[PDB]
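Below you'll find only one chain, the form deposited in one PDB entry, shown as structure tokens.
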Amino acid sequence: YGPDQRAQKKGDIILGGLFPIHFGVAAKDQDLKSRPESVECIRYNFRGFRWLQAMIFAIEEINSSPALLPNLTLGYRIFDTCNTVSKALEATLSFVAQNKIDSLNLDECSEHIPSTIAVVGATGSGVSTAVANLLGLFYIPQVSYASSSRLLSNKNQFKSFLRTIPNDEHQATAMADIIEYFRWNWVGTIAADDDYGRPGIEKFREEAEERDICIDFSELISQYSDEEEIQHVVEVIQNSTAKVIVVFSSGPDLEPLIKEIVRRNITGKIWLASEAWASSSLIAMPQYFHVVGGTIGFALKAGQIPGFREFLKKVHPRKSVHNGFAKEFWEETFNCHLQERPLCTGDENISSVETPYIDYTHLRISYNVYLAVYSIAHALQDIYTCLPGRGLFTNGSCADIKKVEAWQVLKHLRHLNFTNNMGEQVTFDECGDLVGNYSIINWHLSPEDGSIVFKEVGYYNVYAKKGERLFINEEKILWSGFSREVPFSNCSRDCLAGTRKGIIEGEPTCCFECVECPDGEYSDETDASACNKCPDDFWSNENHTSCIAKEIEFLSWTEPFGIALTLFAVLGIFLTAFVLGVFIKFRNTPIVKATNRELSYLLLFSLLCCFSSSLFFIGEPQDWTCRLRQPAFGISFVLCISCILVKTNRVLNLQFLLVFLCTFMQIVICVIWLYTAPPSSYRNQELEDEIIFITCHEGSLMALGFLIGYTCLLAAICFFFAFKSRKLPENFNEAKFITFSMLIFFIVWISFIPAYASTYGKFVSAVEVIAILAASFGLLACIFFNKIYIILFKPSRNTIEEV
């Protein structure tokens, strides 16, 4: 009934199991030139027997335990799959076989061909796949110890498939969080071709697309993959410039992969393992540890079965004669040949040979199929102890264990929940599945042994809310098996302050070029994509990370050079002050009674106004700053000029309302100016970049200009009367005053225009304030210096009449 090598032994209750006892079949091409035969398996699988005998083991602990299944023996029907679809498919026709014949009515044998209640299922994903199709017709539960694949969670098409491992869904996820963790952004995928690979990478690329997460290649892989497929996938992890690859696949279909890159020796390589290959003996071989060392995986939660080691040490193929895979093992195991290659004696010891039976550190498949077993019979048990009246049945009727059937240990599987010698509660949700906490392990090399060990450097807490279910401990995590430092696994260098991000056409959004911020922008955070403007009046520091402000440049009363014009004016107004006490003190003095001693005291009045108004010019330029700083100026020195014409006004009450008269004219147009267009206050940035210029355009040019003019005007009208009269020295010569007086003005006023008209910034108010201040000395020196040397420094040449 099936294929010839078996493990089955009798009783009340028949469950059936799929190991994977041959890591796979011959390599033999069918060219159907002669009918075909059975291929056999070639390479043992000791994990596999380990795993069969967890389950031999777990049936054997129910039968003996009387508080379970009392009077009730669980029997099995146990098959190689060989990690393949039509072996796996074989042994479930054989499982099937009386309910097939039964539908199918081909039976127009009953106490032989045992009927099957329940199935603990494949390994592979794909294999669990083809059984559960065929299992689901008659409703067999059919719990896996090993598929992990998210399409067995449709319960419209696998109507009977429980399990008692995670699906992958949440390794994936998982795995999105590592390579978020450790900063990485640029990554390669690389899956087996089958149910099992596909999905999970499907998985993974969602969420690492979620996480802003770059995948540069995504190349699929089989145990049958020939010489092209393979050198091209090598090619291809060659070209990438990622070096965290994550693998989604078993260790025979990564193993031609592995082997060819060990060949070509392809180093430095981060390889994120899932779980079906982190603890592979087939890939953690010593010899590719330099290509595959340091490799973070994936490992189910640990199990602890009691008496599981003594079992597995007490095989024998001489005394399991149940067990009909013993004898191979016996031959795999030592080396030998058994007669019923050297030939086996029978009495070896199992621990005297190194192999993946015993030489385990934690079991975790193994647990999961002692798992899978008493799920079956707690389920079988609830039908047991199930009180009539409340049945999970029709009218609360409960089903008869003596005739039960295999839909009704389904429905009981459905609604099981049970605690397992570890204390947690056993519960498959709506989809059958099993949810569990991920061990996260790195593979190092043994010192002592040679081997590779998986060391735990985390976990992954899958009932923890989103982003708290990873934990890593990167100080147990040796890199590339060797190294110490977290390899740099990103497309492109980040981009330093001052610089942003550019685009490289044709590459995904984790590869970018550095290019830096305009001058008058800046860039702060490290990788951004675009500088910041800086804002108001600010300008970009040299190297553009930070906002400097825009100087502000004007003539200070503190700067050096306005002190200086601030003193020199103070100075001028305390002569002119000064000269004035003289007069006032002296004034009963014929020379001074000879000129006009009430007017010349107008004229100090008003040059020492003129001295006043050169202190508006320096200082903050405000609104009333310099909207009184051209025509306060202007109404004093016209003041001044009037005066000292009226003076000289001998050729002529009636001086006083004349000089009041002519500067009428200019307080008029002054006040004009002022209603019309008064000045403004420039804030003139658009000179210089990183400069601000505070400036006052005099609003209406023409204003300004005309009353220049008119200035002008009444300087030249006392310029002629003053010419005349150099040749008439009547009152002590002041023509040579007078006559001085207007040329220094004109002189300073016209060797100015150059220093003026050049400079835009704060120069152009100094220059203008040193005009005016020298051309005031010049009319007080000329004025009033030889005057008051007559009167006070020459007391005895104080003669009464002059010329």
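Numbering follows the first chain given and starts at 1. Compared with the form deposited in another entry:
Of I573 and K327, one falls in each rigid part of the chain as it moves between these two forms.
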The other form holds:
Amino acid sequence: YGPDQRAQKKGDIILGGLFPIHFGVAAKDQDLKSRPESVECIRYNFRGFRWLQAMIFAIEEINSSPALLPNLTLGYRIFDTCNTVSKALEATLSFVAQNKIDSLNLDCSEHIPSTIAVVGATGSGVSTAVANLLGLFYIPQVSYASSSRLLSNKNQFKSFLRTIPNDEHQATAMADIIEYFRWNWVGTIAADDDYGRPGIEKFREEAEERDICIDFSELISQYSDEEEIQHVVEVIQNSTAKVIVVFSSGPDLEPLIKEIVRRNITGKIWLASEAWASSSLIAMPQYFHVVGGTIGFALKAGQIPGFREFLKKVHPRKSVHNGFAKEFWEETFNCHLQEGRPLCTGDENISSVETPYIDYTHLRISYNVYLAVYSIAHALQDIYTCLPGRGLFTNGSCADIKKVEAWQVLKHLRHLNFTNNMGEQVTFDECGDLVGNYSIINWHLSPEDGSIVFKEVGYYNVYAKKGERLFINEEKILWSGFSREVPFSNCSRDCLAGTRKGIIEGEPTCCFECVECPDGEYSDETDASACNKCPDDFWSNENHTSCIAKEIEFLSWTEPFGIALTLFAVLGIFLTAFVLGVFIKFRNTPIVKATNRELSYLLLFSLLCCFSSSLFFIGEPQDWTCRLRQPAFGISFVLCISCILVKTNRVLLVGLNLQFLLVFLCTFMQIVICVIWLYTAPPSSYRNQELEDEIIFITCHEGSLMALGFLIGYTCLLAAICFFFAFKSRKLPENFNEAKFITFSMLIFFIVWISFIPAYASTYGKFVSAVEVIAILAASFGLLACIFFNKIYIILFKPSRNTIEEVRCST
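Now that we've seen the form deposited in one PDB entry, could you pull up the form deposited in another entry?
Below you will find a single chain and nothing else.
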């Protein structure tokens, strides 16, 4: 036979089942000093007993109806695995015992029944160990809870089927949930078995595609010792990540949760996989301050109508075929059953004690057990109603229901398609898998009772296009059980505008510093990895949020220095017009006729042009003022020097009038120099940007310096010749000491235009035009004063008629 505690019943066709009635086995490390005994199972599991009852209720309901398998009863043989590979293998060796006597040729009870199909285990490692042995004899195994991706491999597992989705959609959904709430800094914890490792590897692969940085990654187990648990707890406690993604079940997560609760570590955001998101080992009222507000996945519910009334009929004396009912009665009512702790009577009421057996709201894994039994029954009904010539075997032949074999049932299970009680269609794919939606739940705290309440906050729709599968209603979520604000789980705070992301070495790419943008660059947005250089005509604001236009610099009108220069120029023009009016008003008087009368008019006109030529420097330096600011002053002032130079004594030793030829031939050189310079290479405007970054100047580009050198040197040469021929005869008393005044005027010229040299070599912006204008007006006021003011003071001032006569002029 096999294990002695079982639920079995005879029939024409026998099914097999494997359920965890205990949570684990007793902790005993054997030292092998004596022959090893059988291990004992410890903690009773009411949920697994309900799953076993779901299988038995399905079998009895199928045998009741006359439409699903007429005149042919099903039987069963069900064992207990205790979530352990070894006990499951001791059961599976009894399943395959008749097949294996044939294959190993041992020929001896000869009344051993044969098992057609087995309802599978809950854990993936247990399912792999059972599947390796059931695939040898082609016995089909349908699992209700194993969801590892490794069991989709049909090269290794030839006869495995399941009614639960595999876990790739769940890890993708976890990555989508993390992307929805805009986190990037997470930690991961998985169980060290075939369920946790592929799930957490698939989560890691999906997480690096979405730029989510994982801080830590640790493995746990039910049989971890103490120092591994303090290593994992110290890894959790050292990290700044708040969101932790866990692939585990209840038994593998319980020691870690107990040690975290003992140290009272709060503030973490847990992401549960489906195995522990509804686990009564973890959803405890005294753990809540650690595990409140846990967000998890759940399967879709289903309706089994007469099931609760079947569940309330269990009894130790009336369940002859069920052998697990006795310990159920003992563990519910805390008594001892004395077959024929206080002593039981067998009369107690199941509703009086609250256990997970009938305290439930939805049926989720129990529905998978129900559907597995109906899948096997509709495969056998497909065999029963097969028509000759239309079968699934050679030449369209049909199997015999009276001598059916397991490989033919597996063949009909691969081509299976049927409608359940809820109206949906059930079909397995080529990998032997089934697909379904997910519900998304949150852990709350009951106000009526003080216990944990699972509230649905969203769904995950697996038939939708990628990136459109998640729905979450955020207004129904209490973070950490009580808070209404979404928590912060990034590595570092976001950089603002005006700054830039900087690397921290040895750390992942989600962790950065915020460095301010440099002097000439902005940053427009938040979380900028670079600073953008501002355009040529604009310079960055001090805030560095955005940049504004530069400041243009030029000496201008409507400026409190240019107004002063303009008023001085107008005063000079008014003075020259006054002197011209005085000379015209008395032109038959001897003082003006003793001087050359026809020649002073050109002198006064040249002084008028010299005053008016200084206005070209003031203002915005356009193109046609840079071309005429120097030649106008050059020509006008050389005309002035020539008109001075003719009227000196002893400089006319050698046409109709013979004094204007000297003036014409001395002005003609400046005229031709200006014409050839302005023809070969004219000056231009120039926007100067290389002196200061913040401001730009508007200046005049000269074009050449050879022609400007000639145009200054010729004027200095004429000034030197006139100064020589005036200083040589300075003692002559004629014309009211005129040669002395010519000497003083040329001296003032040379002092001003030597003393204004070092302004040019040092100043660079507005001040150059200022010192040019001040120099021009200073030189021309000096020349006008020194030539004419003594003559004016004699003509009309208080010595009016006394010193005006011709006999006084040369005395």
